[PDB]
Amino acid sequence: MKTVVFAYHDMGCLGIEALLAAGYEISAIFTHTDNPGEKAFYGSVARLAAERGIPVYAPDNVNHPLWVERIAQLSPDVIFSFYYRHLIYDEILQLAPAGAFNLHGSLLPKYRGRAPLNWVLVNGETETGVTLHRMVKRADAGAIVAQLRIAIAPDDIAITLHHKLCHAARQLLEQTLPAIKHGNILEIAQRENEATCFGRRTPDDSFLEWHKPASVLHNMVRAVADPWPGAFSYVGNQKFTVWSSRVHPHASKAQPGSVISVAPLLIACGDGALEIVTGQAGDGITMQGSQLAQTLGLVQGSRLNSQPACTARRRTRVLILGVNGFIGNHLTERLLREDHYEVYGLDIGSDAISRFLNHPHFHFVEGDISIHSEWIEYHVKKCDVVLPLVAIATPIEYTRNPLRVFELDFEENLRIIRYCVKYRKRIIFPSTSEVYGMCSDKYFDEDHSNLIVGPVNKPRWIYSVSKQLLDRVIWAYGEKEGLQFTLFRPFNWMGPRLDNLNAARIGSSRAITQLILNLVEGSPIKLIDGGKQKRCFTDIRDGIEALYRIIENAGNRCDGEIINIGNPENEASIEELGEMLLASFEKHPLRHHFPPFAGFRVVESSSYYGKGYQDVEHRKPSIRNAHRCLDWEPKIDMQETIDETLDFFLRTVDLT
Amino acid sequence: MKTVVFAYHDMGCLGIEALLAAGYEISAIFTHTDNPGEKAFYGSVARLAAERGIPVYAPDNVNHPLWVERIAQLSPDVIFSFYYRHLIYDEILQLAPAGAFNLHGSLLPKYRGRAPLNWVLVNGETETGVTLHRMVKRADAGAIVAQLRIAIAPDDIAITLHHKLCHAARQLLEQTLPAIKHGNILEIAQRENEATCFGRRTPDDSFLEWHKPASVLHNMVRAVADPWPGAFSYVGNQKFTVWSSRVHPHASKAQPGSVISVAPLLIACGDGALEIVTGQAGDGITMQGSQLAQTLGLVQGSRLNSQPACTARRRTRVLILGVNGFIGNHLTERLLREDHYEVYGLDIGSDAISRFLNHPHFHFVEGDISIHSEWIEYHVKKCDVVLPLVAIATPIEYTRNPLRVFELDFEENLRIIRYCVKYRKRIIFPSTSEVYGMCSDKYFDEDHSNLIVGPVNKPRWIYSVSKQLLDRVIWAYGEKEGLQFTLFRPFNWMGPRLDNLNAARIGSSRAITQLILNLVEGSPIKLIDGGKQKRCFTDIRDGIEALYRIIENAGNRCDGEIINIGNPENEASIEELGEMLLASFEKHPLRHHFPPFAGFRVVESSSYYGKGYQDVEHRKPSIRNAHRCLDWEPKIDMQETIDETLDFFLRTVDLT
Amino acid sequence: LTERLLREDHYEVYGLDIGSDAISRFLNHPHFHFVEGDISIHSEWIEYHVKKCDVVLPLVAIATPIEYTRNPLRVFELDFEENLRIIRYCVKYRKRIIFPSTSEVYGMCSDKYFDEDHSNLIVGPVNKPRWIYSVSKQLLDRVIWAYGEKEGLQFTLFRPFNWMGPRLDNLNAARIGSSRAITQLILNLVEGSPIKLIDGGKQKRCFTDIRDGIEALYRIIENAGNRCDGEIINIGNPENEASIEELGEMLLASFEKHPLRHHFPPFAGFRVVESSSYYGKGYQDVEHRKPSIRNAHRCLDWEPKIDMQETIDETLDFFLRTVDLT
Amino acid sequence: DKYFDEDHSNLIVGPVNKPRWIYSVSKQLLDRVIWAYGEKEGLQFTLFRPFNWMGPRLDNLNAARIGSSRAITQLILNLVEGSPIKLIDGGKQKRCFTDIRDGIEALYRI
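Chains as they are written, first to last, in the authors' numbering: chain D, 1 to 656; chain C, 1 to 656; chain F, 331 to 656; chain B, 441 to 550.
All the given hints hold, so there is nothing to weed out.
Per label pair, the in silico range of CB-to-CB distance:
| # | chain 1 | residue 1 | chain 2 | residue 2 | range |
| --- | --- | --- | --- | --- | --- |
| 1 | F | 351 | D | 611 | 47 to 53 Å |
| 2 | B | 446 | D | 374 | 37 to 43 Å |
| 3 | C | 62 | D | 175 | 56 to 62 Å |
| 4 | C | 62 | D | 155 | 35 to 41 Å |
| 5 | B | 485 | C | 575 | 44 to 50 Å |
Below 27 Å or equal to it, Euclidean Cα-Cα: the simulated DSS-like pairs (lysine-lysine) are:
| # | chain 1 | residue 1 | chain 2 | residue 2 |
| --- | --- | --- | --- | --- |
| 6 | D | 239 | B | 458 |
| 7 | C | 480 | B | 458 |
| 8 | F | 442 | D | 458 |
| 9 | D | 458 | F | 458 |
| 10 | B | 458 | C | 458 |
| 11 | D | 480 | C | 425 |
| 12 | C | 611 | B | 480 |
| 13 | C | 239 | F | 611 |
| 14 | F | 458 | D | 425 |
| 15 | C | 239 | F | 458 |
| 16 | C | 425 | D | 381 |
| 17 | F | 620 | D | 611 |
| 18 | F | 442 | D | 611 |
| 19 | D | 381 | D | 480 |
| 20 | D | 422 | C | 480 |
| 21 | C | 422 | D | 480 |
| 22 | D | 422 | F | 458 |
| 23 | D | 382 | C | 422 |
| 24 | F | 480 | D | 458 |
| 25 | C | 480 | D | 239 |
| 26 | D | 381 | C | 422 |
| 27 | B | 458 | C | 620 |
| 28 | C | 635 | C | 137 |
| 29 | C | 422 | D | 425 |
| 30 | B | 467 | D | 381 |
| 31 | C | 164 | D | 39 |
| 32 | F | 458 | D | 442 |
| 33 | C | 635 | C | 442 |
By construction, these hints were calculated from the structure, which means they are not laboratory data. Backbone N, C-alpha and C define an ideal beta-carbon position, used for all residues, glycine too.
Work out the full structure: start from the sequences and follow the hints.
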């Protein structure tokens, strides 16, 4: 009596009708909200089910343990599924403790993804059918119960196909239910020995390249025929779609280029001859080929290029606003190793970018974010990617002048962001790792962590709250006004361009400079017992690689994300008491090389352990969106970073 | 080739199937893509015709004189129509001696309106049908040939009834094609003269009223049944669509809102009782009443918020720039006579709107479009409809100094236009009748006439070109950035409160004012050698009614449109105008007003006109988009307008 | 606050607002000077009257709970940009500002008692578009503090904790603002409906009568001995804690005393015990809402006096007597 | 007009719904504001109309469709690619071309 059915389309509707005729009460149906606008040529299942009285639930929190307990309490005995999200779910894979039956309409276990029947028709196969198998913990690890073979008629039409599908469904439902119910499944094993990936299911968008065989073109044109999105191509300033063609006897000795008939439209290809019956003018309806053939006026000898090269991918012009900064220069020296990239910048110097003088693609104006507002106004109109990598906030500055962390680090950025919304550009806004403040979470996740700041009377959380509100108004702009954006959070990046030189008296600014002075100046301070702090550092190379992948945006899958770019696994307790420095102090020169002394007085002098100025827990990030939207994972460890930094810093002071 | 067909919708598709099956060779069908056609069914026509290789045509815009000439030059004798809306019938049908045949889907001629299915189903009749009829000099007054009878049942649903109607129509066509081919139709004289006009169907009046009987509710629920969006109210914070009902004892004594039983959900009403089995919450899932009731945390007994439906009516705010002018102060007196209108305003004076300053919703703020630009920016952001009725373009002004007509009538209007494109607001921009210039068309068409101007050395065409380019900028903004607009062209609006220069631009010529001023004293009515100027005038009442209909946008029929508001059939020369003016001036009193001695019979004086050497003879508006989009036709004749203007001038002269 | 100021002689009020619906009693006062308008196009008026007056109160707060999730650009541009503009008029002309902060700056603060000098402010991740209001107001307070530290700006910040009383209709409460606890319950009371349709005593929702809060704000305005400048004062009732069910019970008990004509019949309605798919889905946030009056009891010498029963009677009297069918 | 006179010929354009005349009108209002400026502000100007200037070193092949619709460029493309020239209506339509070296000697004289 207890049975769960996920039904869809006409076969699902008739299955529901048959089950009600037999009188089995479906336990529960879990479906999602219907899309507002879609080609709904089928009937409305939800309304019919409501008339039948079957309850419908919409789980807001499928991750919730409560709903899992509910599903367990329901005691799922027998579940049938009919094209419901193909392999039901992916992340959980636990909803089938006793197993379930999945009916698929493709050649399992290969051809993974969406629209499987269309894709197997793309390759031009003459064999289809249905595959039933048990649902276990490992995906596609159930033996095929039965697999019938139905021939694909060369002249098959849609109505005959519908009648054949109905006949097959009737044959299945009439007297095959007892066979499945009895338990004649002989599952032993499946695959698990080859595991050979053919092509990793390359999308290849929908470009109609003529180099591709004409047979494949006919196949996917029929596959994407009505009702489906269909092929959509555009050459020059004119777009065209191939909506309907009929196969014709392909010639071998055809003498391509000799058009003997323009009506109907017949052009030559790499192999064979395709006869396109009807197509659509894009901004209209289906039209006969002969009229378009007469309208275009093409004559023998005219060759259609395989790629229009009208807009192509242009240049992907990138606009940086901190191009002389650490990240600003390390990203400029990486974007210029490619070909499809233009770079800009308006920092207040060119000391770290003197290397780039007259490369094919680079520009430099050397202005100010406040004074030079028209240049930025026009350059968030010409470019397509904006990286406001500019910020003037010394840790001291929150006490010297807290209003400089607002009028410059919040309002200039706010003005820049309002440029990307009035021109509909993309902005990769650099957030900070201080937004979380003193979050107690072990892993500073970017999606479900609580940003904790101090009281209003502490004049040091204005930077963190300013950046947090900047991210919030970026998110609101993105989700209300159609702003493509991507926040990214650097996590203690360390490269050999950290603070240039100490000309600006940055020695007493922060301990990050005392680390530099540790190796050169005589500093008898090495006996720190870790400080109970997990100093997670990341090399600049990995961060720049991640930022490059963010800029690439492979398939528009980095939009509206808050990726953190760090190395949560590369921790270092006080540089391992100088272990690698013991191996790297030998180098080559002997000047200034003297063995250090020893001694330890107090931990208090080194670091501050106050109430207001304290980061509770540690600073280890959580890279989850980085591993998905970039498929990126850190490779460089602390040793190479330390030696490279020391070597570069030694070379940047020459001799004296 | 004969018998071209205007078909559309699924009935049109099946009629195409029928004519193809019968062997009747029709080579031309008319259909419209209909972008606002977001119905669940795509309703695509001629697909099978395209697949069969039949050469068909797809003419989108029939009213273009090119298509008219092509469809007229072959001179056919039969034009078939099958559920083709957008009638706007014209001379093309009158050309054919045999006329045209149109198939209406209701029992003509009683209560035809628009969407006649609602009209026939609201009255709870027991028999409906279709009617193939002729075309006449009137609108939708074709003779009935036969009356189909298949009857209706309360249990019968929309799907079954529509399928039966489709099959019956198929058989009817298949058996009557010989009948129409051989004619012998016996149409009887119809009673079209004694009919009912001036009434339409609007969804806005379909609110749920408890006092209506259960019969009317049952009727309009079945009328809007599936497949259709549904007729729903707007209660506080819960959506529901009436899908199904069950006949229950019509004796609920309790007041509306009381739930008699929760399984199934049955509510009480003022009369009868509706049983809502299921409801659709907006765009999600059509789900049952009980589960929805338990989902929203409401219990049995929860009454509804009486007659107020949440927030009914919002009082759309109209931002009129130039309220003290001739059109601004006549429109305000018209918008303030109704509800749901919260008029705003800004001009340099309030001498003519002095009667609205104490109105609950007038909000007049004195200012100038230049100095007070932030006020305009804010009020274009808060309001909904913007009417820039500011004119500083006296002919003397833009001839003596065209730089002002540029910096004021192009650069100030362009700013207001660009306010509505960033705040996404509707703008009804007043164009001018001067755009056509020296056009050589009898009727100045809004979509087909050419705009002719003189050479650049003539600075008298700068105003016309400036306004024409202003229309081309608005048109390009609603085609590239989605801007809702409606250009209207005042064609010689005449009425009271027409000052000398204050209404010489947005109003009309000073003719009537000149003769009245010369008539209050003994000055003559001296004519001109070209006294037969043949000037057509429009009453301010008719123009304001048309502009109010434009503001309403009843069914989004005025969107992206250009409408001339004029009276082309109100032609009158200066002599006739003077005759009627004198006749109305003598009237009953005949006293004071000075002796009206006037008249001259030579008045040659050779010539004294320098810029009068060129004059236009074609100045007739083509009012068809007005009677296609707002269904407006001028009513007031010239004598009434003359009398009203004279009476206003004589009572408001304020003399002794 | 205007009616409290216009009874104590030496006070010249200058009010700006879009309408005079609830202040019709003061336009005939010799020292009221009301002006009709909105703060988007009155920049000159506001600037001139900041330069002219001595104390400035930007009580203009347009923050609907729905507006937190709907088009929060409006929330940011009206509750942060105009407030920022007004704050910078008070540093140009060296004027005092009494800024209304919000009790929502603490957010999910774990502390039982919300201290304004020691407690932490906790907010959710950036993806949830509901905390933009709290962060905007917190940044406004931090900017005011920075201005009163670097520019010598005389300021005071006050945080209201669920003030209730007569005339609470404006745009938050009342029929128009149906998204509210008290007004929805009282509307369900007025019209015969199943009152107390809840499945158990909810969190203790403390309320403060408007009279005590207005007294505290008046003492802030007085600035006796200048011991209130440079402070953040919490104005609330940490002792008037009451659950929703207890509130309904006491309101019904007060109704029982002189129930007019017994023309409003209360009712009850049963609901599914399981309450599957309901409001509670992880929005517990905090369960205390306890303010700290330790700052209002040291700077204002203020201690709340009016208890819950008098507040309920006052609000009910106003609601049932001032309005009628229209 | 048979001959496009610079001070007597009338300028005719299509309706607003035809968006191809927005370039003719934009450049026609620019000549009417230069004329207006030269009458009330004493601006020294000269408005030259190059009709069909054609010559060597024209626009290079770019991201658009062979630069622009230039008629002659289509013919050169057909000659280079060996495409037969489509004789539409047998070449009845004429075109009056001007050499760049001839119109440049007039621009320099201006």
